[PDB]
Structures are given as structure tokens and as C-alpha cells.
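Asker: Let the sequences and hints guide you as you build the complete structure.
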Amino acid sequence: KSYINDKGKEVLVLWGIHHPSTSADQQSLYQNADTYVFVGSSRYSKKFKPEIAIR
Amino acid sequence: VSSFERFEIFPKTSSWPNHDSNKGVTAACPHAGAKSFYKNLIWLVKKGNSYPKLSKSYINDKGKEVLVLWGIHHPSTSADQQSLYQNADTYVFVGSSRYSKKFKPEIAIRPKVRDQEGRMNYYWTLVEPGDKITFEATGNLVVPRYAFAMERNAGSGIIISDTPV
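Those sequence lines, one after another, are chains A and A'. A prime marks a further copy of an entry chain.
By PDB author numbering, the letter at position 1 of the first sequence is numbered 166, and the numbering carries on one by one without gaps.
As numbered in PDB author numbering, residues 115 to 116, 116A to 116C, 117 to 133, 133A, 134 to 266, 266A, 267 to 274 make up the second sequence, in order.
Just to be clear, a hint being listed does not mean it is correct.
What the hints assert, rightly or not - Short derived list, chain A' residues pointing at chain A, Cβ under 10 angstroms: (1) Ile217; (2) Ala218; (3) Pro221; (4) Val223; (5) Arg229; (6) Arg262.
No lab work stands behind these hints: they were computed from the structure.
Note that the Cβ used here is the ideal one computed from N, Cα and C, for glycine as well.
Answerer: Below is the structure:
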């Protein structure tokens, strides 16, 4: 999904990355064992790898 | 800076027999109309349909600090990754006595900037006299070509102005 800033000013965007406790909780929520998240803009680029462990 | 001399830390003609040192050009860095690239870096690309494991070292023998710069290339797609390096799962490693870091490319489509959906990160380090710096990669590495042996001063800054010198 993409968004283009057309509001004539800066847009503050917030988001989250979820790190489950166990592989079972991972599969209960997303069904995929080895996942990634990517966020990218013209000045931002970052890839997120979840860290599954019991805190 | 009290002393600043450029030298070819990794000569273009002889350093990379098993890799291509001439195809690493891009429309994002044009010169005289043609596609070009940075002068002090070489964008190594697979030779034939092969990118063998890369390993090159330099020992600072210049009697002073050496400024070394390099790049990591993050392609937009897996196809662009295979077009340039032929290897799907690659790494880059840079190591010295005070520097050690492993780089994993992040393949994804970023918004176009200068007609490029990929990205390239630029890094630098100061190699102390007598030290060794090692570059090791299976792809995505923009190897240094020119380094700079230098001696830093103390103070001064950067003036941003249209006032003439």
C-alpha cells in the first residue's frame, strides 16, 4: 500500500512492528513463519525482521 | 586538513580480474550525456554469469590516516539483483582492527528518486597507520577505487555562502 502526500504540508505517519513471543503466536496472527516488513519513502528506507522470543 | 593526498588504493586495471569494472554505470549519475558513476568508487558487477566470492585487503603504509569510503547497493527487485550480481542471497563484510560490520542487502521497491527505485548506502572509516582493512562480498559491494591519506587539523568548519573567495 502506498500514500502520496497531497496535503500541501508535512504528514506525520506512525506505524508498528509486532514481535511475537512464540512461533505459535506468530502463526496464530499471520500464518507465515518467516516474515518481513518494509517501509520506504524518498528519504526513508528500512526493512524489519521480527524477533520471536519470550520476554 | 594539513595533508590530503589521493591514491588508488585498489587499482582499476588489476584489482578485480574475476569481476566487471566497466558496467557499473547508471542514468542517475550522468556525465557528457552518457551514463557514468562516482570517480572514487567502482560498482562491481558479475562477470559473465558469475560473481565469485570477493576478498581484497589493504594495509595502511602511508604514515598517516587513510580515509576509505565504500557503498552497499540495495536493488529494487530480485530480477535487478540477479542482473547485477547473479546471486540471490548475498552479504558484504568490511573489517579492520577497529571496524567490523556485515551488510545484508534489502531488496524492495522504493519510491523513484532520480529514476531509481533502488538505494545505495555510503560508508566511511579512518584506517590507522599500519592497520589492515578487508573487503569481502558475494555481491552488492561498491568497492573503493581511490582513498585519501590525510592528516586532520583541529578546529574550522564549513561556511555555506555565496560570498566569493
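Asker: So, for every hint listed, does it hold in this structure?
Answerer: Results of checking the hints against the structure:
no. : hint   : result
1   : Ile217 : 9 angstroms, holds
2   : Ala218 : 4 angstroms, holds
3   : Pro221 : 5 angstroms, holds
4   : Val223 : 5 angstroms, holds
5   : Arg229 : 5 angstroms, holds
6   : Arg262 : 30 angstroms, violated
Checked against the numbered hints listed earlier, the structure breaks hint 6 alone; every other hint is satisfied.
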